[PDB]
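Asker: Take a look at the letters that make up each chain.
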Amino acid sequence: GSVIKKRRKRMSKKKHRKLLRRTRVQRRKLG
Amino acid sequence: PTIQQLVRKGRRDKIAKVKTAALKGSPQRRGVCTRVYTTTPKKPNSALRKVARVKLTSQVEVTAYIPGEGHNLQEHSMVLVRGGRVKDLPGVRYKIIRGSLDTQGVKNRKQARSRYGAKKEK
Amino acid sequence: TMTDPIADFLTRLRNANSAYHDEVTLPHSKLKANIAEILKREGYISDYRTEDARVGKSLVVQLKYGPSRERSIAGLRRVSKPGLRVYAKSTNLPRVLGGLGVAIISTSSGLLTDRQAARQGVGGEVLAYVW
Amino acid sequence: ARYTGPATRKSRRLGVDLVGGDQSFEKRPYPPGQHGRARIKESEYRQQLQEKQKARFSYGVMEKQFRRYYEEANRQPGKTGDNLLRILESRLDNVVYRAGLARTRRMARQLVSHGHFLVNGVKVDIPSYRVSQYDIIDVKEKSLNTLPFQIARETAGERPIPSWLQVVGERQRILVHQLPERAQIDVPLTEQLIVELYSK
Amino acid sequence: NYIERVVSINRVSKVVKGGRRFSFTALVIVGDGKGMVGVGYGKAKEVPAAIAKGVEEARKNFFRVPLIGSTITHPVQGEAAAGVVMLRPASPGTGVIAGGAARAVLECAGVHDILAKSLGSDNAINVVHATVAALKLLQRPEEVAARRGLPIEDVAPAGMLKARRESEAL
RNA sequence: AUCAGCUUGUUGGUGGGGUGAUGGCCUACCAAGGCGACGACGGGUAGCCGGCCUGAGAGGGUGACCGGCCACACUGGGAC
RNA sequence: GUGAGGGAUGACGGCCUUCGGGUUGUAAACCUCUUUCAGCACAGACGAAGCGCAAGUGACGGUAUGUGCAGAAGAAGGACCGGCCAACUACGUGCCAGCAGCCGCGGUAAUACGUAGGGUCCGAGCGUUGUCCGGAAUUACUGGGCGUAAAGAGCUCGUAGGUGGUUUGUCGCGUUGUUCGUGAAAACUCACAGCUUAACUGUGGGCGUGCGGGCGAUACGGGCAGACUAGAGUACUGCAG
RNA sequence: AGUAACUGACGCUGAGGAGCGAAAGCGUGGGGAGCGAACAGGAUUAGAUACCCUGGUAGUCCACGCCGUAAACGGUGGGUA
RNA sequence: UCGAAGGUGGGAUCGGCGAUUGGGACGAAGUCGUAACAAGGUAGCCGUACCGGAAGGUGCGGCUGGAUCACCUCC
Numbered sequence: 002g003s004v005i006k007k008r009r010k011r012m013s014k015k016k017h018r019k020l021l022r023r024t025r026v027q028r029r030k031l032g
Numbered sequence: 002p003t004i005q006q007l008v009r010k011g012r013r014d015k016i017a018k019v020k021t022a023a024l025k026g027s028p029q030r031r032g033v034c035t036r037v038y039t040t041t042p043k044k045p046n047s048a049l050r051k052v053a054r055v056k057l058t059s060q061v062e063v064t065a066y067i068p069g070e071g072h073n074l075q076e077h078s079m080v081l082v083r084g085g086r087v088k089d090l091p092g093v094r095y096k097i098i099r100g101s102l103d104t105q106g107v108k109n110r111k112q113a114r115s116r117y118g119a120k121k122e123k
Numbered sequence: 002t003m004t005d006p007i008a009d010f011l012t013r014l015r016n017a018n019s020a021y022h023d024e025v026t027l028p029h030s031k032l033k034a035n036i037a038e039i040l041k042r043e044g045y046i047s048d049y050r051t052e053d054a055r056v057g058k059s060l061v062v063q064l065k066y067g068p069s070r071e072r073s074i075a076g077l078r079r080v081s082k083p084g085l086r087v088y089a090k091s092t093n094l095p096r097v098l099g100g101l102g103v104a105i106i107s108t109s110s111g112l113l114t115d116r117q118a119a120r121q122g123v124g125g126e127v128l129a130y131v132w
Numbered sequence: 002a003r004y005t006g007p008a009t010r011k012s013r014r015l016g017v018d019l020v021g022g023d024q025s026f027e028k029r030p031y032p033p034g035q036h037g038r039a040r041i042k043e044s045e046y047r048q049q050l051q052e053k054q055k056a057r058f059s060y061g062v063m064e065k066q067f068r069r070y071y072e073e074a075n076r077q078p079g080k081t082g083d084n085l086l087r088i089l090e091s092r093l094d095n096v097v098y099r100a101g102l103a104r105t106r107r108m109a110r111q112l113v114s115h116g117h118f119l120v121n122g123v124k125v126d127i128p129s130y131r132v133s134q135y136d137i138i139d140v141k142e143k144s145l146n147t148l149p150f151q152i153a154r155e156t157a158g159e160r161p162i163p164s165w166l167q168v169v170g171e172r173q174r175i176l177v178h179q180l181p182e183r184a185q186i187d188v189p190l191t192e193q194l195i196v197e198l199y200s201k
Numbered sequence: 035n036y037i038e039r040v041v042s043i044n045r046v047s048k049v050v051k052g053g054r055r056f057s058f059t060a061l062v063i064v065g066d067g068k069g070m071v072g073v074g075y076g077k078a079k080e081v082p083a084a085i086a087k088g089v090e091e092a093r094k095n096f097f098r099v100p101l102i103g104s105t106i107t108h109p110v111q112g113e114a115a116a117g118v119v120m121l122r123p124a125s126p127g128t129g130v131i132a133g134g135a136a137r138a139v140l141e142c143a144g145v146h147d148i149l150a151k152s153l154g155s156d157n158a159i160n161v162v163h164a165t166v167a168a169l170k171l172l173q174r175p176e177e178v179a180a181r182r183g184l185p186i187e188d189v190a191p192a193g194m195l196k197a198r199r200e201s202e203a204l
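Protein chains in written order, with the authors' numbering: chain v, 2 to 32; chain m, 2 to 123; chain i, 2 to 132; chain e, 2 to 201; chain f, 35 to 204.
Incorrect hints may appear among the rest.
Claimed, not checked - Far from chain f, some chain i residues (derived; all Cβ distances over 10 Å):
#1 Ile7
#2 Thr51
#3 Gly57
#4 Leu64
#5 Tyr130
Said to hold, decoys possible - With a Cα cut of at most 27 Å, we get these calculated DSSO-like pairs of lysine-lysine:
#6 e:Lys42 / f:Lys79
#7 e:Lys201 / f:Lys68
#8 m:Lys44 / m:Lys88
Keep in mind that the hints were calculated from the coordinates and are not lab data. Idealized CB from N, CA, C, for every residue including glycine.
From just these sequences and the hints, can you work out the full model?
Answerer: This is how it looks when you write it as structure tokens:
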């Protein structure tokens, strides 16, 4: 299989992890 | 799968996507023209498509396409809307019926008149 | 483990047939001997016999090939299997190859073919198809 | 309704003559219109549709009635082709025309519709009337001396009467022995194409 | 008299430094309508030439279909590449019921009444190959009786024997 | 199951009561059961069927007319 | 039902043109014929072996129908024509106006837009929208798959469940045969009959794929009571890591 | 593996469930030579939050526990003929 | 006694709005960079951790779904 699919999945995962890191304290305080 | 797997879980059919959810099970709906304007199609084509914003009786705000050459629609105009997709416009799934309620049949049409609400010449 | 001896017998027959073997040996049981009898009487195999093995008895089956080395069996399928078993009434007996094949049916009168069962008006379990 | 427009149009389009003695079709055997000479593309659907149009324009039967006939013929325990052909041939107007009492099928239909005939002793004016075994079709006495029947009864030298019918009286009685079989029908075209078309 | 069926014409191309070089491939069926059919696949720079090569190749490879009167002997299922075509005999007067490629092959082979369905790989070449593979799986009842060394009545149903009698009478 | 626990006249017995009739149907006392992943308890939706439409068939959708049963009669209780 | 037969080096007009001519087109005009259904006049029901011991009694209805009269006389539209998918040209416009179910067509020479000729399909209908099934084997019981296309849990142990070697006897649960009861009528299907035909209506079979009771069989599955050692495990003797 | 002495179908799979499960990471307490995220300079570059160089903290190691993921791949579930 | 409706109370559950705020999809031509595909010019990817305007960089373990290995003298 082409690595293009892995690249799309990894970019989605990386962006989501960045978003989670950017709002850790906000999530902790709202939950 | 195994027959036992089938008798344990069975087969679940694919779900059906509801089309033209604003009509609510009716062939047509009556609406009022929220705003009447023009807009441009997708990139491969180019024109000034005539599109109206209609508030239906199902309390759904819907954008509808006006077929034919010329139209006389303005604000607060009662129109009768039907289902139909326009490939160029991204999210337009409805068309205004010509010759019904306020919207008028087009002028000087002699072929496919019934599709544009033009009466036969006397 | 071994679940279907009948299916194993049918697959031994099929594998030997595809490889043009003239002989196939398998452990013996009454059911296997009876379907072997039906196969021989219907002309699908040459002949069969039972020797004695180290523990029990064996089944020896001779495969029939034509003069030009063409197989006398075109297919062997197991219909009723452990798990999903198949029973047919005397009126809805299956047809194999539009009647050109033979369907073995286990009735209370013994092992019969589809035509024999239809003539005698009995039903049972559809063991296999031969064509 | 009925088809009323020109007749040779259909014959020219379908490539065969349906009336039988039409000189215009012989003069120009090609489709009508400006582009009647343009070469056509070959397609099985086109041939099947043309066969069906041939059948339903020879007998003057509209599409819905023809589909009803096809369903009836398929339902019957014969075979579809000759069953459909025999259902078509049993219509009263076709019987009248095939008995030599009408030069063309159109005038046979016109005569039947005007109540000039009388089947089994009861007046019948329905061209789609189907005719069974041992039916006696008579002309009512009032119309015996009319011009059409006069010229029909003194030119009995045209197309031969098929076996399954028999004009028996000097008053031109019609007796039906049995419904025709495929051998005696003597019709153009091919029924198998119609069966293929309606199975699509 | 030989009937022919050009079932598909495709414009293929190979790339070169200058550009694209287009040729034509035609799949042609040749038969006599009496029980023999042939399949040809010719390629040339021009459509009529490719059709000619397909016709000659189809004529070279001939194969006899075991018809019984007007239909095939028994139901069969043939698979070639990813194409699956099932065949089923039908009572007289039913007509040919098949898709375009299968219909062409069967009409060329002389089959009049048959139920045929395509069950995969809509590609015309592979559908034709699968139809031919199915037709090659048919067995004449006499050969079946010969294989099992039995009289023709003990092997075939009486309906087939009656059908053969009527066909040979006609 | 992105609804896992539910039930205290609730599960059973005895004596009474009640009813056209059997029966926690009601009652006093006694015992602690009963149901549930073979999905109880919740949430959503729905009158059910002969049939009807589609399909090669299996199956899918549906319950208009006609015919059977059910439920209701402004909303909620109640008896005569 | 809106007509039928005959009717030409094939009228006019329209349209195209290679300017020759071709198509509308046997179509029309004209000459005969018939009048269905409409229109007018006359007669006029069955439904009622009914109801009533009164003399009469039909809402539909003076309807259906029948017979006369006159005259082709009063009676055709809709969609589509790039491919799927029957059916092509001209003019106008030019990335506009627009079309479109998909592919996609509009860039002054568009068979895809608009209009006219021509054509095709249907026809008192013809198209559009909405909803369901089919095509879709695209939830695959019939009838699909999982190395790389979506799809083998990271790997084991094990609970409920599913499934199970050879053989003897027995049961008759499943399975199978037959019989009885039931499966309303209607519907569906076959045949026949009545409406002038058909739709429709009636009659007689089948169907009602099922369930319940009796009787028969025991090959297979299962239960019960045994037996065997080829699976599985233990014992003993060695062995490699 | 061999002998086959023993039992006599005691087998297979297994929803859920339980256990084990690289590295990184987390907690408590030790240890810390080398390597080395982060971090510092140097260089290259138009710019270098990099590649290269010099340093270098967590970590890597041990004890006891968490975590429960991987290209945990033969991208190939288990049993049998 | 039971008992509809009504009243009081504390919770369940389903939705709408919400100042502000997060990401997603699409958009010929805007700005910043070159990350991947040819060894893509530091092989790529997987889990994890840290860091950075951004693609991304680096450590640890793993995978090949990674390219090239000329000449190579004795026989």
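Asker: Take the hints in turn and mark each one as holding or not.
Answerer: Outcome of the hint check:
The beta carbon of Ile7 (chain i) sits about 21 Å from the closest Cβ of chain f, which is more than 10 Å, so the claim that it is off the interface holds. Every C-beta of chain f lies more than 10 Å from that of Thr51 (chain i), the closest at about 23 Å, which supports listing it as non-interface. The beta carbon of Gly57 (chain i) is kept farther than 10 Å from every beta carbon of chain f, the shortest such distance being approximately 31 Å. Look at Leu64 (chain i): its CB is around 12 Å from the nearest CB on chain f, clear of 10 Å, so calling it non-interface holds up.
Every CB of chain f is more than 10 Å from the CB of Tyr130 (chain i) (nearest about 13 Å), matching its label as outside the interface. For the suggested pair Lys42 (chain e) and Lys79 (chain f), the alpha carbons sit about 23 Å apart, so the restraint of at most 27 Å is met. Between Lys201 (chain e) and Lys68 (chain f) the alpha-carbon distance is near 25 Å, which keeps this suggested pair within the 27 Å criterion. A C-alpha spacing of about 12 Å is found between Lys44 (chain m) and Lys88 (chain m), which places the hinted pair at or below 27 Å, so the restraint holds.
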